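Participant: One-letter residues, chain by chain:
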Amino acid sequence: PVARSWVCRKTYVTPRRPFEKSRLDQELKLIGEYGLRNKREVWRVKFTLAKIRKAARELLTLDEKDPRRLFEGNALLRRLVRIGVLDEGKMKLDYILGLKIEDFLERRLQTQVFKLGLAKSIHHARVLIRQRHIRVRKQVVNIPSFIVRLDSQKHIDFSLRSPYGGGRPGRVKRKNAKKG
Amino acid sequence: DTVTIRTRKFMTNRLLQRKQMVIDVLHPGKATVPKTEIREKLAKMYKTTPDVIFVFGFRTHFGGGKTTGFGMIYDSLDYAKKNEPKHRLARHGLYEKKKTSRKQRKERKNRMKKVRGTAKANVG
Amino acid sequence: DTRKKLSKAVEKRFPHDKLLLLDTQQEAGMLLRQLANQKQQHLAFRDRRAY
Amino acid sequence: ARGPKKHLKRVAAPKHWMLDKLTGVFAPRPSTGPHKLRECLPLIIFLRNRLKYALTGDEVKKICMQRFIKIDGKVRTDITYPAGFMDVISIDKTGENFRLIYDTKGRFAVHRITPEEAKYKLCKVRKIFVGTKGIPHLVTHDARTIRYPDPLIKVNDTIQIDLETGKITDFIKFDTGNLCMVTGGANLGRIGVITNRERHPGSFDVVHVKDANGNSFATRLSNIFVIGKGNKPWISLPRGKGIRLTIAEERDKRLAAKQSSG
RNA sequence: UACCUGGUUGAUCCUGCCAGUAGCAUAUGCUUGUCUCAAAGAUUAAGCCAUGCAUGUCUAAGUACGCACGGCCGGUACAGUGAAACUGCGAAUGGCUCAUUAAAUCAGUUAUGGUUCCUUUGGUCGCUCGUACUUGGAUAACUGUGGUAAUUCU
RNA sequence: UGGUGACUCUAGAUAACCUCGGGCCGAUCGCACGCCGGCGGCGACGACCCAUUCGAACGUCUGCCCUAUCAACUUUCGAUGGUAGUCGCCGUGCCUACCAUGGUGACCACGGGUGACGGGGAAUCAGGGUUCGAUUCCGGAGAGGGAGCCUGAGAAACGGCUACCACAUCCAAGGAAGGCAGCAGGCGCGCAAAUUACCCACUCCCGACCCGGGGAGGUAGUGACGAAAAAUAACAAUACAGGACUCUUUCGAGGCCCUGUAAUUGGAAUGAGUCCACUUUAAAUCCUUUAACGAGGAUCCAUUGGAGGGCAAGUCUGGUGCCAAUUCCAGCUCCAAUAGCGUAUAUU
RNA sequence: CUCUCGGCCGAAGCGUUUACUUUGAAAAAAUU
Numbered sequence: 002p003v004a005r006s007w008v009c010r011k012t013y014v015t016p017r018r019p020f021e022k023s024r025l026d027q028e029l030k031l032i033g034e035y036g037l038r039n040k041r042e043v044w045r046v047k048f049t050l051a052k053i054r055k056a057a058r059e060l061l062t063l064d065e066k067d068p069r070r071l072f073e074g075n076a077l078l079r080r081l082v083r084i085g086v087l088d089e090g091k092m093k094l095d096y097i098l099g100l101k102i103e104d105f106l107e108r109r110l111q112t113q114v115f116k117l118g119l120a121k122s123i124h125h126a127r128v129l130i131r132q133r134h135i136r137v138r139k140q141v142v143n144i145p146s147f148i149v150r151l152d153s154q155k156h157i158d159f160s161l162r163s164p165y166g167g168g169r170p171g172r173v174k175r176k177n178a179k180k181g
Numbered sequence: 003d004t005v006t007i008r009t010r011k012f013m014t015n016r017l018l019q020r021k022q023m024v025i026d027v028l029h030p031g032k033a034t035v036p037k038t039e040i041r042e043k044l045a046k047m048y049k050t051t052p053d054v055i056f057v058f059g060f061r062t063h064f065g066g067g068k069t070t071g072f073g074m075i076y077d078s079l080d081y082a083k084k085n086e087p088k089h090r091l092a093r094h095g096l097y098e099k100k101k102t103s104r105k106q107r108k109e110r111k112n113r114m115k116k117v118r119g120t121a122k123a124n125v126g
Numbered sequence: 202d203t204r205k206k207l208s209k210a211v212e213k214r215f216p217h218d219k220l221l222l223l224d225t226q227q228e229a230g231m232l233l234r235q236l237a238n239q240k241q242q243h244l245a246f247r248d249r250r251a252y
Numbered sequence: 002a003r004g005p006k007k008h009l010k011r012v013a014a015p016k017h018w019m020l021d022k023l024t025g026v027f028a029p030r031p032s033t034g035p036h037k038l039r040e041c042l043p044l045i046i047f048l049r050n051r052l053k054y055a056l057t058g059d060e061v062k063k064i065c066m067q068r069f070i071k072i073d074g075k076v077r078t079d080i081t082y083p084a085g086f087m088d089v090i091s092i093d094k095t096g097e098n099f100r101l102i103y104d105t106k107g108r109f110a111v112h113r114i115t116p117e118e119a120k121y122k123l124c125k126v127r128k129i130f131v132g133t134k135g136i137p138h139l140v141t142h143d144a145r146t147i148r149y150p151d152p153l154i155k156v157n158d159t160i161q162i163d164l165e166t167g168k169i170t171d172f173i174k175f176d177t178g179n180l181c182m183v184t185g186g187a188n189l190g191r192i193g194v195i196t197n198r199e200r201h202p203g204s205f206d207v208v209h210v211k212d213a214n215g216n217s218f219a220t221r222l223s224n225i226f227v228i229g230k231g232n233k234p235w236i237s238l239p240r241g242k243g244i245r246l247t248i249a250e251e252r253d254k255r256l257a258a259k260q261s262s263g
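Residue numbers (UniProt numbering), protein chains in the order written: chain S, 2 to 181; chain L, 3 to 126; chain H, 202 to 252; chain W, 2 to 263.
All the pointers check out, no bait thrown in.
Listed next, the in silico EDC-like pairs over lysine to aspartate or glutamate satisfying Cα-Cα at most 16 angstroms (straight line):
1) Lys88(L) x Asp59(W)
2) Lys55(S) x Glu73(S)
3) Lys63(W) x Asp80(L)
4) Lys101(S) x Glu34(S)
5) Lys128(W) x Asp143(W)
6) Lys93(S) x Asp64(S)
7) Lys83(L) x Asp59(W)
8) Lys88(L) x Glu60(W)
9) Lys43(L) x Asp53(L)
10) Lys83(L) x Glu60(W)
11) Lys205(H) x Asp218(H)
12) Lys63(W) x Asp79(W)
13) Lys71(W) x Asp163(W)
14) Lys93(S) x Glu73(S)
15) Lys43(L) x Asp3(L)
16) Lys211(W) x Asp176(W)
17) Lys120(W) x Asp73(W)
18) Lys84(L) x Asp59(W)
19) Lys84(L) x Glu98(L)
20) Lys21(L) x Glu60(W)
21) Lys43(L) x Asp26(L)
22) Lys75(W) x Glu165(W)
23) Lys116(S) x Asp158(S)
24) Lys84(L) x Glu60(W)
Hints in this document: simulated from the structure, not taken from any laboratory.
All chains should be built: construct the whole structure from the sequences, respecting the hints.
Facilitator: As structure tokens, then:
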């Protein structure tokens, strides 16, 4: 007996057929578009989408006024809207079955740092977050895959402690400036 | 200066003769503020002496702006000497513990239970 | 962590071997005990011959 | 086992205690006493995990050993003493009084009461029997025996009893149209009015209760505690008045409170 | 995501098994920068074990003439701290393993109107018509003499 | 009297009994002292009985894998039932005496096997299923194998005792002591599994107890079992190469853009490391926070496998033998996943 | 679906008995 929990989950699925050209090319498309480190981030987002689709299908097998359908559909729709993947005017479960991996890829912190003009590229965005220059609200966030909510979209900025931000010069610049 | 103290979840615990709260410390570009400095800051905040103030369990957040810990102010030094743990009372120099290991005490105990009578006090 | 590196430095030639520490008399007794009770590698050449 | 078990694992503790998984291997293990193990709140869980006067069990012992805690008017120094339904906890140093009555979700409310309401308690009578020299005795739900009860008091009635004297002050019969709180099963904590009692000989009777909104629910007769006469309760009720809201209405009231306050 | 690729014929379709593939366990090889959690002598041998530790315990409230310490006030039995020892309680919990065990164990359901129960909590505790302003003998710790190679022996 | 669904229940009355190996009816201890020798307030400990609590133990109903190369079994020696008793905490062939001849079985008894402790549960998952569950929760069982007791409320107890069987320790040879399927650790076995560390601070348990103790438990150590996040570069100019758009029928021009590729230049940003201080904690460590140093081949250098018969991936090179074809060896190039990736075996 | 006694109803026999379906009570946590 120990005061430990052993509850833990794999968060991705390896595909059944390893070598098919269309899936490889589409994965490479997404990796290049979004600056992902490897195929496993594609598999991770694909997994969360598959989970959400299974939940929506099992809710849709229920009859229309079933209270579990109303409660759990409202919760699922509210969460998908809250991370900005579904529009607010599309609170219908069937629209969940229309989504794509690219939406949850657009809601990453890497992509939102790229689209807000703090970075010159998507790879510059991953590097910018990973090196403690990006802060959401007033919290330094180091994780590229941090999914940004709609109330947190207008609050992504530069760390008040970063050289590009508040302004203490970095290690290289302070080394070079003291040579002369 | 730039280190500010706020107290969040204040409670006047009249059963353990103290006031206990969560202490939130802001130090935007420094390290984690030492516990003694927080103790004079709480002594200035609550209009008292800092030898009855005990703070513990501070964790700095990721990013460095903020550190949360717990603190409690005792009415007197006597209630502090009664109701505080011995180790927190030792961190302030008010208690000194015995310098013997478990192996030494346990072997002494098992050795002196092979002896009957007041010769028990002669076993090392 | 010194010992950590040491184990790795050893593992290119001694792959699965325990690094005893010989600093004190108590550790010397532990090593002597480990040496007395341990399975013996038998070398065929000297075992077929009286030496 | 070769004799009584003395320990309680944390994951085997009662769920309504609301203990978390990673604090320890063990749960506080109530002592034997006036309430069952699965239907009690030990004093350490109340005074540490609910009221937060103490942060560890050691200073729970420090609060207890100063004789600041009373259950039903008596100083209880044991930190795992089993307190249960309708118990009146008095802490006169802080000047606070509590009654241990259930939430609508089946957990022991932190329910603060008036010092005037701390004087009495309601006990469900659990058996009546005649002892030597023809003396009627009454055994309640928390192991009280009262000599010479009123002859009108039968089993399953509720007696209002005075904590200082230990003598019966009043009683309520088990009738229809009469107010009860559920003390077990899936409907635990709900408060309503008895409408029916379908008797099953050699088996358990089932009592039908109607909520203040019109919701109807049944329980076993052992799960019924009469708490008022007709429609008005004889004690203070907690915030939720025994009306179990559905999860949709819980979500709606939570969002309405967020929108109104914030 | 209710998914495929190949293998017998000169060539075609079939049956039919297999190979690839994917997951889960054990092991193992090569490699390994950071950080969070985290299983871990079950499988074979319920095989065999050196050494150490794993179970003890005192409040104002059972027994203090150990100066082992320690103030009175002096006829005041006993200030107070208190090792030892007697007495009481615990050692039937916890921890380990899976050998046994196949309507046995075990789960759900019921019963004790067929039983016991330390303890906690409540009741009962002048309900008996018949030296007490206090009863008796011991035995430890302690002092002293010892036996045996050897024991938590005496 | 009172109760139950049902008492031979509870309570009542009478005649008595009441075990010396004996049933209650207080020769106990502390703290404050006060009233009219007598009256006393809080407690502590004991205690017959009844209730309660924690159980425990016997029963009820339903539910388990493989085997007929196990078809009849139990019954003298209790197998099924009856009466009376014994014993037990109690109901009962539990045991005894005498009777009755019963009881179970192809709806699979009885016997044997299981790489069988049982459940909660795990993997797969359209669904039905198939496979797994020694293992932290619940229930059982055992302490080398059997057997029998003592104390106690509770044990057929093994960190209790007494024997025998198998092992084994010390000895002055007369004697004495034993039981890691507890925590470490060792030997053996094997394909196969960590430190003879620190602490009662946490969780809780026990005791006369706020105070002592706890290899339970917590903490570090070993740990690529497994699961989570996640570095190994980014940008600008320059030079070529594409692709758009303006002007030209086109060639062409675009200080017109955009996108790639560099034995090309450039300083900006930083961790990995090294190392003060806090913080952490029982004391530490780690993490988190922060000084200082810390990057150009940023040598601070990513591996593991597979490809020239099909899923992803070759019209390649050099040695070596055999009669241009052709056994063995070392490479290049490409593809896949990536701090991970092959293999064996089992299983789905 | 009814026959009696007590306040249009409550008790009683149920109506051949089942298999089936539904409801209600009750049914550890952890895991999912």
